[PDB]
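**Q** Listed below are the residues making up each chain.
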Amino acid sequence: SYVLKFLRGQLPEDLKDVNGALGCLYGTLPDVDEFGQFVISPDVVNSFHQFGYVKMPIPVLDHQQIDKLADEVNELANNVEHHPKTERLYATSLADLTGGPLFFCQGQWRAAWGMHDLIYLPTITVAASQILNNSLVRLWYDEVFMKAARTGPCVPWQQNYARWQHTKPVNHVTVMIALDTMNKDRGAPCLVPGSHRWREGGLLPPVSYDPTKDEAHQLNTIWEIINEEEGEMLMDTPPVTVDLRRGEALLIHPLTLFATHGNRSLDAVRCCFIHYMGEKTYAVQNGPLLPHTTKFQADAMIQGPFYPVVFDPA
Amino acid sequence: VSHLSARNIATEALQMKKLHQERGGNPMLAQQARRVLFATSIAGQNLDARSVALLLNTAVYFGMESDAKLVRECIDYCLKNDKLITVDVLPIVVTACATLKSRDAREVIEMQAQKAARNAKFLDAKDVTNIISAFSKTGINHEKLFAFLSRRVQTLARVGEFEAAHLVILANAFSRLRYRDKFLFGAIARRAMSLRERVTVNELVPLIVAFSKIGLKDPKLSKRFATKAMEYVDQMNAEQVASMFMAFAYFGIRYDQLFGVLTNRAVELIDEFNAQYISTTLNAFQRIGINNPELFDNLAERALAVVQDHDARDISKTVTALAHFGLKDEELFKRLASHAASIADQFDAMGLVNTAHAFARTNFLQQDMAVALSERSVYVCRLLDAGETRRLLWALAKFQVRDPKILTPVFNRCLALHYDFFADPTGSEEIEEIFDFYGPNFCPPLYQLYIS
Amino acid sequence: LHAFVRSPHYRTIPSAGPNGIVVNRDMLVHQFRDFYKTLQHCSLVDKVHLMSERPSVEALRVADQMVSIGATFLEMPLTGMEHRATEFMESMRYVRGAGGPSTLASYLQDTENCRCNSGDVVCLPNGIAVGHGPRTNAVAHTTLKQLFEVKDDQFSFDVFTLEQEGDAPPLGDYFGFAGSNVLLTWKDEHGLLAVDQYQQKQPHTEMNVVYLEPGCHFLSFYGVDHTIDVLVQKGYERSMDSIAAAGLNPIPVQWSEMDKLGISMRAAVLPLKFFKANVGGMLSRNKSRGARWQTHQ
Amino acid sequence: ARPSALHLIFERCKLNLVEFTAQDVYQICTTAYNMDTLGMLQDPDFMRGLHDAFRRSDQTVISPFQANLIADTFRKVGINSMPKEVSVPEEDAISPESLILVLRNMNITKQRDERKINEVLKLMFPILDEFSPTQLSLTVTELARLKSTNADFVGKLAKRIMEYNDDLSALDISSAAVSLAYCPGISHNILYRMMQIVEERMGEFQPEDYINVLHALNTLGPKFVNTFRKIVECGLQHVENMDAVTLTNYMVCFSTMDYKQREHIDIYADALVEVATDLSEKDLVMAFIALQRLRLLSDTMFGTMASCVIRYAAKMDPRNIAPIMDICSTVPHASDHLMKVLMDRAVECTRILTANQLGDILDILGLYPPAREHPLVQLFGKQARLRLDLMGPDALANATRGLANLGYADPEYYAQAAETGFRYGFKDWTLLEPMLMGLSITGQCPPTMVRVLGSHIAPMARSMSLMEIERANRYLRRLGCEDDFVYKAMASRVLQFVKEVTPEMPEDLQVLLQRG
RNA sequence: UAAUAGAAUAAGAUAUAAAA
RNA sequence: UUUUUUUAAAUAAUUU
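Chains as they are written, first to last, in the authors' numbering: chain 14, 36 to 349; chain 6, 58 to 509; chain 5, 11 to 307; chain 8, 19 to 534.
Here are the simulated DSSO-like cross-link-like pairs (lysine-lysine), alpha carbons at most 27 Å apart as the crow flies:
(1) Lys172 (chain 6) x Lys140 (chain 8)
(2) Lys158 (chain 6) x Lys120 (chain 14)
(3) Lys165 (chain 8) x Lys137 (chain 6)
(4) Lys183 (chain 6) x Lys57 (chain 5)
(5) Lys103 (chain 14) x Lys128 (chain 8)
(6) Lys239 (chain 6) x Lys280 (chain 6)
(7) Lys178 (chain 6) x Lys283 (chain 5)
(8) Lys120 (chain 14) x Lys40 (chain 14)
(9) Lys274 (chain 6) x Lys239 (chain 6)
(10) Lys241 (chain 8) x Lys286 (chain 5)
(11) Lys57 (chain 5) x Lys283 (chain 5)
(12) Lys47 (chain 5) x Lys445 (chain 8)
(13) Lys155 (chain 5) x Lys248 (chain 8)
(14) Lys172 (chain 6) x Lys165 (chain 8)
(15) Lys140 (chain 6) x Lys102 (chain 8)
(16) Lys248 (chain 8) x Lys286 (chain 5)
(17) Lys140 (chain 6) x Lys183 (chain 6)
If the Cβ cut is set under 7 Å, some of the chain 6 residues that face chain 14 in the computed set are:
(18) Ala87
(19) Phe119
(20) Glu122
(21) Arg370
Which chain 8 residues stay away from chain 5? Per the calculated CB distances, all over 12 Å, these:
(22) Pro82
(23) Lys134
(24) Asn136
(25) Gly534
If you're looking for bench data, these hints aren't it; they were derived computationally from the structure. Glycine included, every Cβ here is placed at the ideal spot set by N, Cα and C.
Full structure from sequences and hints, please.
**A** This is the structure in structure tokens:
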């Protein structure tokens, strides 16, 4: 068609249509024969497959990049001048136009620069592909958590695979990146070692969420969903809280128990999750897996513009 | 790039924009400019109004939205220092804020509109054209400012202070705003006539297009434009041929001596026709009403080899034009239906309805396009007129679609506009077809309104 | 140097000028277009500003508002142009828009019975020369002399009074200096009298005197740049030959209709000299007007 | 290396777990800027936390410059920081001191706001009497720095300042004079009276007072020349010992005032060039320009000034290459070494020069003989072809004329220049001649281009002289124009200035006479 | 405890409508 | 071929 002379350089209405990656954070993606620099050591892979989690030895982002990403997260929750492309989001805590002490966002890779770029970050996608047995890895979705200062709540015990029951096979991983320095007094991730292999790769019953209650009970509700043997393994290996720097990344199994603490510092705390999924993955029902997305039928392979292939071992 | 101050960054950003919007769209220059502008900040340094305006303009042109920092800092500066934005950097700020749609952008645009309204009497040749084009980019309805600017343009053009490019810019700017003033366009036409040989074909075609678009209904100047264009046919490009086809269909007057030569030149360059040119030509022929099968066969044949090049707009226009004239091309229709099924998410509010109705009017039903368009109708139901809603409902009834998740939005839209729905006589027959399929069970209130 | 002009108002152009002579409005518009184009084609004028039309024809006389003497922009008394005050405010808005002075000097207006007009003063070399006619009184002479006349070995400014008769037009219309040493005067009684008085007041003065034909309006931008562009009327060819013979550049201009209404070339343009304020020790760049690298080639 | 207590305090500050007031962050930043033993500037996770502590604190406690210093020390590390804007006092918070502090905050931290200026001025007027003499001068200075257009209030302040002439000192008088001269719309009566007051107390002045007075007189203009007279007489007894910057200001004022008593000019220039070696780059440039404008560059003058400027010639600012390049022209003195070094420096910075500066440099080097055999011609040709989109009519004419005079041959560049010049019409003959000169180098152009060129040149033939007529005819014959209206117009002018044809007449003219 | 300034410059199609 | 203007304007009506 004919694009007006002052609209030639614009981007699509949503960044999903943009094939490839923009050069915003780390420039252009490396060449085909340049992807071996970002490989990770086998011991990290063994640690993940043993504990159900591991920390990447090197921070994945420079401090300027973390500053830019924190600015994007701040602008995603303006609440006075709402973010453009807000209608391109799977779910938002500002749908009520009031917000609260916890701001959670999903599918923001179609909304802002940099967040879309972070998906194709080589250092994390190569590691996730190595965890997923060297196959094509497709983004499942992102997530952003922002907790206010002195009142931020905590999300209790949960399993990631409990939210993805519409997807047939167990082939996933999660990468969590800290956009601000975190510790047990501000949203630290607390995980149980060796919990991804408890119920023969099964899902534990959901926990009871009662808001407006102290963090101690919220984190102690764990003794309600487990059995005696899981209790003994808990006693041997109590849940461990992990400290993260301003750029450090953490790989988590989909099936390991996971929680985050409250925020009792004097500033808001930010973190970002991205879930990565393997090639051989099918659907179970007929329809869209996420709101306003391409619909699948029976056991159809999951592809499309909504689940782009981020890395290819060929 | 670190040793460059903000002033040099602004100059190089302007250079990159000028190189990209004119000499090709090299996907390298755009991405380099995006990367450079993503890491700049107007903070802690004293900057002129022009440099800040240039940075804001070149940032917004390259996709940067109203959530970016650079944009926020430039907008805050433009809000705080208002008297520093003289009449030289007003067009840059207005053009940058045209596409941004927020509170601050609206306030800045209004303030600049009032400033240009007050100083409308002291502008010169460059400023009037630049300001009027910049205000035509944004959608604003400040009639008094337009009147003052038109008066100043007439006063300047009486003495002869406009060139061919200025005339084209002024004509397009005043036609885009739907400001119908006979004296201003007469003055512009007379200035071009005085210019004589200084207007070439490239500076003549947009003049005719804009003069047709404004719709003055003056048959005195249309004939003169046709006679002037008759000598320049042999030098025209294919895009120019399509542009004059559309323009002289917009005029509405029949000039056979011109249409014949235009048809011959269009046939000569049939190998240079893209899908856009074919769609434009067929739409122009549909509008003017002439029926010329000889050119139509060649247009249809050339459209068959560029199927993959078709956009949503081109598919819609081509299919509607082909269906109006009763031309049958089963291969072209099938390929267009498949392609429309592939890109069903690119149809706008009215293109979808036009495509569906054009496909349903002729006896051509294909499930691939039918399912895609029926599913896509949900997101464009809310932007439809009463007649367009009636056409969409009839086309959907012809496709035999019964999914309630599709039919609830269109029935809601047609119930909200029932008066204009049932007061259009030309569609009355269509109404009796629609309820012949769904029956009184489907949406009883609509049936009760129909019986009355 | 910025030159200001005003477009004619076609609808309200007078049918028959004073004296009952006839005028053609289309030709008047055409001649003003030719004048504007000729002014723009001048190399010395940095910009030509065109003000919006005003209902009265007298608004075409924009030169009557004020006068430029050295670095002083003196505003003429508003004693006979009461209906033209609003036009003067509108002209001052135009002057301010182009980066000129914020406001005019009001020295003459405060003085009582100080009748004067822009046009009886000639920016001669080494001072100004004023004419003592009916349109200006002796109070204006005394006030100008007290304001601008200074006698010094070097800081010298000379004001000259030149007596003229009642029927004589304003001095700038017929007696004026051009080039650097050339005095252009109408081969008329008043022109010869003014030339003689200027020669006498300032004795031992050497400058060629050129006599044009009567009725040949002229305009010369007199300044250090030594521009030789001298606009003259089209009809008179002998004045044109005389100006060319002195080493100048006559630029013919059709000036029939404006002449028929009583307006001359000098009364139709407002020339001003602006500068840019230089904060801190500063020396703004200036455009060149000569040749470069003379010694090499 | 951080020991246990040091590491724990670092961690506590990193986690935003400590409440910091503005004073404490200021003290820590001062310690970091003074001493670097603990590596405060080398820990991004620590200065980021300090910045987060600074944002959420009350910055109104500290002085404006302390906030500016914290912002600067965070900017130096790599954190984008800006101190918060101060709110206008309301209700009983009204006082002269707070109304001065608002302007001071807007001044130091570089946050100019016209709305807040207008609000503050609308609220300080009633209490103008209560103000102390020093606060009046402070307000005048602050309003002069903020480029406020409200000249009426500045005039009122200046009048109240004059009413206390006895109280003020020489420094305050000079500051008031310069701050009044900087305001554009100030009435000339108050300016005359202030210069009258400056005229007395003349012997009390110090070098700073002299600099302030000379700056004010340079800003004002020739209309106050008389006052400047008493300045040059006053300094005639101290000229043998003055600061170099003072003599540079004297030269600038001499050039601006168009002074005509030449003996003072000669004495002051002779005193200046003795100590000209102490001048900075900018002051050296302006001494050179002012001396050139006064027609005082003799042989020794130019030799000494060139020897002084060749030191900075290695790293000249781009804005200073063109002026000295112009000064090297129009003088009959040898300046080969300065020319060569300046051309090399110009070549070095060819990717940062703006369009106007590139055009000016090409114009100045257009007729230079040694500038043809250099890489600068090709580099500048490519740069000009790239920058043709950003060039106005003056820049286009300058660059094209300079390139044509230099022998640069590139048909595509000249065709693009002709198109860009056809975008906006040529107002003058001097703006159109370079296009013809460039297009005549190759000798061919598309017929539409030559037709448009003929249409443009035809009206302009009415006022050009004989030499311009000959040059235009030569260029048109080289390009090959067939249009008759042109030749007819050129013919008529020729006749008017030359009557009828004669055997003596030049052949070309006689041909031009035939209207070919 | 903290205060110094320079530049003048123009790109161009959104699928509508009754009388010297 | 040419045709245009320069107020602080404040009185509609409703249960939306």
